[PDB]
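A single chain comes next, written as structure tokens; it is the form deposited in one PDB entry.
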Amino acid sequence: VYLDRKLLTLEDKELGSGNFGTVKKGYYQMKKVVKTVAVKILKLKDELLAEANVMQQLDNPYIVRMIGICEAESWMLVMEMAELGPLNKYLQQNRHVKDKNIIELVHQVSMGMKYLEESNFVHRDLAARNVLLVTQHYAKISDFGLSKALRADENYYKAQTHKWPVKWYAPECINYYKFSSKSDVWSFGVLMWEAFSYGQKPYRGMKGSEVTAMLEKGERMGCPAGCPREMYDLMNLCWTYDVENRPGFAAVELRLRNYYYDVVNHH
């Protein structure tokens, strides 16, 4: 859990910011090899510790691995490096990634979210900026800063006061401050839209209030160019207003698994 700073080599040039601070590339001298790492630097500490506490409990191929934490110049969250970076930035810079490949990546995210749902954890920040690419064909979920372990007696987490990405938030998050695996299903639908739109921001040119007003009328974002009808149908199903009627990640992952192999068969 607690790493030796002397074994941690940090690169001078940062990968970027992120509201919590900065993301840096480094190396952690392991048992026999060297491990390339992405480090979240604080430069709030309670939030970094809670994020690391969540990530330590997670063991899945589609969730970023936390190597550990390190208390030095600043508090550091050390993760296994996914070299290609955020899914949204990647797709914005590689607009010729095939449709089959987008299905493959969004299906990988649903597999990680299926695992997260079974573990009874709520992510609360499921966005394409929080999906990291190991390879063009390998996605992982990172950014567990707003993540919650659900109580043994409740299916939701209730926030006590609203700095919220409203464009990814389900109506019950807004109206009742209630966060569940089904609200992550809503955000996953927004994430699908972003990915099929090659990293375009959702609800372009709209205020958070205008987004809520649109969703309340029953209006939804349109089909991104080239997106198969079946994928846009799944997107819309993730955007079911009623929490109970909205599918869980086991149903969402199965629709994606089947459609992915169907597209793999056609090809």
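Residue numbers count along the first chain shown, from 1. Take the two forms, find the largest set of C-alpha atoms that superpose within 1.5 Å, and that set is the rigid core. Compared with the form deposited in another entry:
Relative to the superposed rigid core, the position of the CA of residue 20 differs between the two forms by 2 Å or more.
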Given for the second form:
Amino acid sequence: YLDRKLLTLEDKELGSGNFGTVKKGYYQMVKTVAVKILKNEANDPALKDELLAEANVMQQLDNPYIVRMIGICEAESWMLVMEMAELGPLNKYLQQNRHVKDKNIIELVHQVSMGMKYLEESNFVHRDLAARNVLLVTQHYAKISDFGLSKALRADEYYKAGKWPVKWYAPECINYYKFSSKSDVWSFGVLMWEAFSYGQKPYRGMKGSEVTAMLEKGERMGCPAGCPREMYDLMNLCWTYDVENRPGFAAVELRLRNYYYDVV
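Since the structure above is the form deposited in one PDB entry, I would like to see how the form deposited in another entry looks, so please show that one next.
This part shows the chain on its own.
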């Protein structure tokens, strides 16, 4: 818990959402920070619970590809103070910067696989791995954020189940509510598709049950324009229907690493 008097805030908001507001600021520990400010004095219990849960996960994680938490500030509203990733959500960035080269997209998504490989070996499932939850420190350095749905796996266990982002969820999540690192790997495939699609939403114009039927038939989203075949192959591997034949992040990270070194 942090001292509101050591925190200063820029007036203009970086962005907004259903939870409230994100602002740039500075905190004396002076670090440049991104501050998630809950709307309406955090009257909404689901907003407080999410802030508490994502803060409790972040406190346990330490990895260069995961956003670091500074702390919580209970002031005029509840505030989650994190290290600033200046450029913001990856999907919004690619929508506004169509010039980013395919090699650059591989570098970024590979870094996300490194943060997810770290999460995998830490026994955490993210359960909300989408391009909007990747934040850019620079155009060549991405970090994973938004741990509000993240869970630590139990030693005797798949996590068995608020928000339900069905277009990123694997078949065993939809049908059995079972979440694993392999479930995150499927979401990572969707995220790769978003990135090579420069921030297009997946399964545009489809309802939840329409996506589920589509996947059960073995159909998948198509290859984004300009996406190299090896990357589209990797997306299809992440979209392996069966949980045991789906690769883990150790394998996914290794394939992205090896492929990047070949591009340059």
